[PDB]
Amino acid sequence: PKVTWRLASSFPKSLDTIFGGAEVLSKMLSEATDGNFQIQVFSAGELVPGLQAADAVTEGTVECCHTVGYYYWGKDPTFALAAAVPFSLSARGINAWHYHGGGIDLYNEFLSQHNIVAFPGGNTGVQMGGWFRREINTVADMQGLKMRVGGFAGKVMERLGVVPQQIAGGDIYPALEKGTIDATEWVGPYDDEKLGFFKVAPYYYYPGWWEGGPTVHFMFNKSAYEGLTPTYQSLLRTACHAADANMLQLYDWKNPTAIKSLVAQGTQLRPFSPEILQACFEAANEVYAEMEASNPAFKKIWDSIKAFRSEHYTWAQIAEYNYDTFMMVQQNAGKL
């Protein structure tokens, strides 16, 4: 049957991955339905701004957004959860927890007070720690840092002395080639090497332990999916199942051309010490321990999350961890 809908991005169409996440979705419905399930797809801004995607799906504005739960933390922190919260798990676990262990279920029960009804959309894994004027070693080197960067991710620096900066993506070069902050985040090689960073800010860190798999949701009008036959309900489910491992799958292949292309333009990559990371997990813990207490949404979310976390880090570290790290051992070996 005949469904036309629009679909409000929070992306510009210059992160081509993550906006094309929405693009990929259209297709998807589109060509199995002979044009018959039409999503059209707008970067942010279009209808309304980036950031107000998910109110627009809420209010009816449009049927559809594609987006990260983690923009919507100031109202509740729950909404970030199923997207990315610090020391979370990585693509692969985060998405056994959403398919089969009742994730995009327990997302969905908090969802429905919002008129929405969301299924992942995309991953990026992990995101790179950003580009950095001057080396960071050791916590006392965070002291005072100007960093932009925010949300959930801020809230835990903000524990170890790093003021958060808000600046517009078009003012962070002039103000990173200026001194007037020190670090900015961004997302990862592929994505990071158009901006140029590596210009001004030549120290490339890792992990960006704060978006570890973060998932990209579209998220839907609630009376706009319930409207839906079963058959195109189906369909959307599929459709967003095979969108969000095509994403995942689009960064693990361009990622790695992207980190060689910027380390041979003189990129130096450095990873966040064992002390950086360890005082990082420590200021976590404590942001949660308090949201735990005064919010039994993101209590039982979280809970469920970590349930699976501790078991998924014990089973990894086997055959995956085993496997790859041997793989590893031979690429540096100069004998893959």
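Under this definition, the rigid core comprises the largest set of C-alpha atoms superposing within 1.5 Å between the forms. Positions refer to the first chain, counted from 1. What changes on going to the form deposited in another entry:
- Annotation: the position in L106, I259, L195, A91 displaced by at least 2 Å at CA between the two forms, with the core superposed, corresponds to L195.
- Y232 is not among the residues whose C-alpha shifts by 2 Å or more between the two forms once the rigid core is aligned; its shift stays under 2 Å.
- The Cα position of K146 differs by 2 Å or more between the two forms after fitting on the rigid core.
- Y173 is among the residues whose C-alpha shifts by 2 Å or more between the two forms once the rigid core is aligned.
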Second form
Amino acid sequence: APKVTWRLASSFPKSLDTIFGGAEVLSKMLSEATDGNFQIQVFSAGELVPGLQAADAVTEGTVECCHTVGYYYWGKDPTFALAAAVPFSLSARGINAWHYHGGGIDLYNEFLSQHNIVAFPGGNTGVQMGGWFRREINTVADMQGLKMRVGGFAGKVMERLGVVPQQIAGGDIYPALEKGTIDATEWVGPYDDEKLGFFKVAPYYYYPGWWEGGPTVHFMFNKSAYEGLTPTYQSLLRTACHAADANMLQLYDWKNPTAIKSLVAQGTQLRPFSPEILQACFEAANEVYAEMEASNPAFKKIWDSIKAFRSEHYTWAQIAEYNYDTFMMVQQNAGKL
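The structure above corresponds to the form deposited in one PDB entry; please provide the structure of the form deposited in another entry.
We keep it simple here and write out only the one chain, dropping partners and molecules.
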């Protein structure tokens, strides 16, 4: 028998080789590095438990681990969302700096301990798109009354803008959109969103998804199961999560440019959210966080840590990074690349 056989419940549908596939990547890293002695068996959303309930099964010990986004559990405690994403937080590179070198992994694990979980980053999507709409969104008034599928704590922010948020796992969004039980949806980005098929119903694809600037997709491990590993397997697990985390982001970065082109070729209309909309959403988020920080000490501790770095990050990003990337985009648009 293998030294260790674990089951992993995914929050994600098997169609998505990006976000669901990250668990398969981890599994292969581990079995290959151990000649098959460390086996993580991977199950798509709904196979063992509903996708939005994956972490609950980990806490209960019904599965040894899951691959999920922490913000799905905002209803239990909004603190769950912070190391995944909340609106107007860090970019992928920013949050990863914080995770791996700013004490972020330990801060989140200190919170998660009481929930019988030890977690490590297990992917990032980069800046998300702004979702799929049947009509133009030019003002915040245009958002009022929209039944929109939204992930995580962004639902609470959306509520203050007059949106009616709905909670739906990835693979079950499309039928609700097609049948008209939701008006609009966000998911992730061009590759995934094209695969899920929204563009055949809703033709307006907005950007940016200010709700998720750089969301981490955690591997969450049952605390007992993790602590029962040898130090050798524990270290290998952390190394492999670190690699799989990067791998998912890199896969999105490879696939998204091709998928955006496909969506546009098929007639999809890309549109920016106006600066006014973004400001209104920022102000709504600020109010929600102010209330949450005051009433929830665990939330305040982690959010204050993220914000402290966030200001420094967006100061430095304006120097080499912004100027280089802007120059290259200008060259691209001028036909010079």
